[PDB]
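Mind looking over this structure? Questions follow.
It is the complex with one fewer protein chain than it really has, and the rest are unchanged in position.
Chain lettering (A, B, C, D and E) follows the sequence in which the chains are written, and residue indices restart at 1 in each chain.
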Amino acid sequence: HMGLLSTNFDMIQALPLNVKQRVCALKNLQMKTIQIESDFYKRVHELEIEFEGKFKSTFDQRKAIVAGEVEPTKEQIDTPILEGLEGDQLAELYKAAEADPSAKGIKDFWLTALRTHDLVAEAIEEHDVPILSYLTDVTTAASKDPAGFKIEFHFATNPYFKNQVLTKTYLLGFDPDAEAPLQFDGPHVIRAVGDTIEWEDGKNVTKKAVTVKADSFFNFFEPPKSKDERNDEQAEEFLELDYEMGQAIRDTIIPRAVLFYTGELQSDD
Amino acid sequence: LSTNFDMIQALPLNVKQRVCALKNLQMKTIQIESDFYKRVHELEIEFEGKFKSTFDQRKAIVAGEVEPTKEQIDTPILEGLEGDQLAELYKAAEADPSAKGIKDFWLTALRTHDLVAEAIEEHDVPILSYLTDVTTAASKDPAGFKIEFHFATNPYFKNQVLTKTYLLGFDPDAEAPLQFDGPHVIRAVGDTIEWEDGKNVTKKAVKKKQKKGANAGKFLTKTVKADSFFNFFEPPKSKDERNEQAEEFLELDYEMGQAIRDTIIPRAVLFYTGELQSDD
Amino acid sequence: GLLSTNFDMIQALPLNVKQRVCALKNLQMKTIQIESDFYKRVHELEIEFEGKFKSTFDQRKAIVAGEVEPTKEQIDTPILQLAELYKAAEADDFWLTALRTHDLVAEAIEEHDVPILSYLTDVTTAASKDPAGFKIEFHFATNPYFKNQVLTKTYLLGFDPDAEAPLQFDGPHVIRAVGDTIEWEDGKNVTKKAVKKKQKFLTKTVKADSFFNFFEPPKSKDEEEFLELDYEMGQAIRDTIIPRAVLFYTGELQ
Amino acid sequence: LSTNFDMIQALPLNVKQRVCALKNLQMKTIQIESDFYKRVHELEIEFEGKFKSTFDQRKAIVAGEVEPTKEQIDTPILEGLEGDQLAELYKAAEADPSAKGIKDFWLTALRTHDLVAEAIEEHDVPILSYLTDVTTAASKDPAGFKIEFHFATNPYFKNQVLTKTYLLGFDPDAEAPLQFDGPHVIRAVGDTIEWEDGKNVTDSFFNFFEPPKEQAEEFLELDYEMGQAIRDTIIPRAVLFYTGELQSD
Amino acid sequence: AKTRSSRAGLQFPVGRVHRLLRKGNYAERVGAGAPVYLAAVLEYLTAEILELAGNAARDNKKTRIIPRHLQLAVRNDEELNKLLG
Partner (left out) sequence: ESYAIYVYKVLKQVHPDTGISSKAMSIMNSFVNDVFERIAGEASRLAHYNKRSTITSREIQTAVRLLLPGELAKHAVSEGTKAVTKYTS
């Protein structure tokens, strides 16, 4: 929160000017230390881009398993479906339901994973659920040239829209702002760019029937703007929450999708 | 912690084997994450030198070894103040020449952080007033990091520097392979405080009753652990070392060390002024 | 303990007599150790006599399995009117009947265990010295319920007084019991049963009543009367049923 | 009468001859068991000497002939008592030099055992107060055991020791071999008490030395059980009955 | 100690309770008094359950409160059973 109302404000008020000016020097060096951190975060972003290819293979296999394209191996089968289960309990769970050959792959896998995460769950409304049942994969990739990252929602052939993939892009800034140089917590978002959904007829859940904007998860592809039309701080708050949800999908859900499917993970950590 | 458990129960064994296969693939992703975190650690070790200059200048200013420059003076002590308030704050106290440096600087910074604040007791305050600097550095070959509390010549102990090292593992735990969130702690190594006479605040004596003993219904004097911040240099033994409610204390020890290394040391003055308060 | 029937007397004894009583307790401990050695010797005697009983028990196994035919003297032994009883049926499950005749074992034998126990070719017992204990082997035949040729239940026993309760020695006690792993086939595990819960209904396999739970013994130190009852059933099989098996078959013992 | 009687009758009787063969083998097993019990009897006789030292030390301590040792003193008088209660109990009475050892030790031990308690009458208590020792020993050719009640100089009878012997059979019956459960009792032989004048209490416990040798066989069996209780339970753990911490049959 | 929770006599984390209340998006703003109150109430419930479960551990001659001890303590106390059951 910073500013005044600083926990140790009365102390700094009582400090003689001698130390009051020394504290000012420490603030100046703190600004320099913040700048070094920004360079660090740029390096970490490049490191994420480097490892994208290393993670790609495992995520592609997950997509294959979810889509029923490939079958599990013996080693994969001898993996506990839920961690922390005794052999007796594991046997009970495996023998609690009989195999249905009709069910090809995991159904509603990404829908369930997204709705198990609290932040994303608050965005999913009832009319978006059947649409999200078609989510075959959710992928992310980070760029350095326009400084940002993207999240791609790969859908199947659905009676709601013709788009095969819906893309959400975030352009991010790694340098601290001059207004609040000491309030640097990592890369911030400069802007967000959504997608245009080729909705079928009468299926656009983002629009109400009163035509006015409705509440839907797919508004995620209609992000707020930074160079808005002056015809509005709520837009900035909306953009920050949109960025937070994008980070939740990119950094937490996609890396550990099954743990959200199994529900063994929640938003914290 | 198996949210959506009834669903997993209702899944046909056919889909259950696919979910377990996904868990195996999650283990593979975790291994790649472990390699990522190893690289990130090397990056921090690389940036140690870049941070050194600013941290050393801070240490010099706090100890009164150097005086602020014009650019340093024209930096607002409290960011976000109105000018009519900044001028009043500067003119609210007159300069005292006796005060050489910033006293209790590291004491104030450590006590403003919530987690560390819960560890500092009042009898620990005068000892922590001798804290000239707090530095941290990371190792790759033993795979860990250290926090060094530089003390001055004090009537509490003869130790010139109190060092706390954490040996941490970057590979997923065999116990909880899917619960990998980054490097975990293998064990923690404290220091031996050359306490003077009657100054050991980490240990006390209690006249307890060993009547709950062995053919001895008598009361005896026992040396019991006393509540102090310097018990930080007597870390909880790891699983291998000595053998409930000890892994939790060790994890809190690791959390406090991480708070000092990642949060307080990089932004110490922000905790001194209290403009930033983190918890965990 | 302090609730000793003659506690007021023991307190009323002068320190002079009380220290002498303490001496008697020490000598009692020595006597307890001598008894421990005695029981060890009796166990060694049982192991020695195992071989003496072995030949007769092997002949029993051969006769029960139809491997050998009886001799004239064997015919001339009363089965329990003799002519009427012998001539009552025209010519052409030993352990099942024998075990179900013993009351304690019978309470463990349920209906679904009867066809399984119809495969019992032999039941044998033997005692060990270095791993101080004994074992019971239920030798089964080729059965459509499990692949086990023999199901073994072992009891590890302690012949030395406990240091916690040194004066409470009553003979060898049971330290722990080790069962066996039954290679139950599919739908043949009589120790388990199915049940469901409200909502496709979710099936929940649950514990069932069977004699073969005898081969799933209670644990000793893991996180007690059940273990003692398991030991009692094992003692009944080893000491009473196996030595006089036909006497339980004929019903000549109550 | 046989529980599984219908089984033998409904049996095709071809295998019934096999059952008869098993009956013969059971007779053989019964004989082997008889030899086993004989060996156990020899083992008890062998262990008599091992128990002798401790039992004689008990006799000396009870009679005040010897004094307790430092190790002997540092044994809790009652098991399961902590240091507080143990010290308090020791501090409940002061040492009386007018007591020669344990008084009525064997009387108390015998009367704490349930079966023996039912035999002890009121007039037998002062007589049994002279019991220095109760010992037992087993024989092989007489095939049995004996219990000797060693008495002191008493104004009730001149017998120094009253002996009760049980002659036992370890061999299976030839007529009915299959009802063998171990050594049985053949007979019991008491002693002749040289009572003084007006002291013959014979309802009394000392009728135990006048053995009987449906109700008479029951008398012999209960007499044998009392003898076994004295031999196997009371004598081995006499002090446990003295303190009353053990009451068994 | 010197913590926000030490300024109310409580041994539960006032700061952590505040953070959880804000992070849970229960409302738009939360004052300082609500974390103090909530942490105090949770500390009281923890203390009462621990008291009953440790008394039960004593009645079972155990220095470690096993979960069965908490179960017996909860069932025996009618109010605790109404709250937790």
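Here, a contact is a pair of C-beta atoms (placed from the backbone, for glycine too) under 8 Å apart; a residue touches a chain by one contact, two chains touch by 3 or more.
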{"item": "Residues from chain B at the interface with the omitted partner, ascending", "value": "212, 244-245, 248-249, 252"}
{"item": "Chain E, residues in touch with the chain not shown (by the definition above)", "value": "4, 7-14, 16-17, 20-21, 24, 26-34, 36-51, 53-54, 57-58, 63-67, 69-70, 79-80, 82-84"}
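Here, only the chains that are shown with their structure count from here on.
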{"item": "Of B-E and C-D, pair with higher C-beta contact tally", "value": "C-D"}
{"item": "Mean-CA-position distance for chain E and chain C (Å)", "value": "50"}
{"item": "Centre-to-centre distance between chain C and chain A (centres being mean Cα positions), rounded to whole Å", "value": "64"}
{"item": "Where chain B and chain D are represented by their mean Cα positions, the distance between them in whole Å", "value": "74"}
{"item": "Junction residues of chain B - those touching two or more other chains", "value": "9-10"}
{"item": "Residues of chain E touching at least two other chains", "value": "none"}
{"item": "Complex contacts: residues of chain D adjacent to chain B", "value": "82-84, 86-87"}
{"item": "Residue ranges of chain B touching chain D (in the complex, touch as defined)", "value": "211, 215-217"}
{"item": "Parts of chain C lying in touch with chain B, wherever the complex brings them together", "value": "200, 202"}
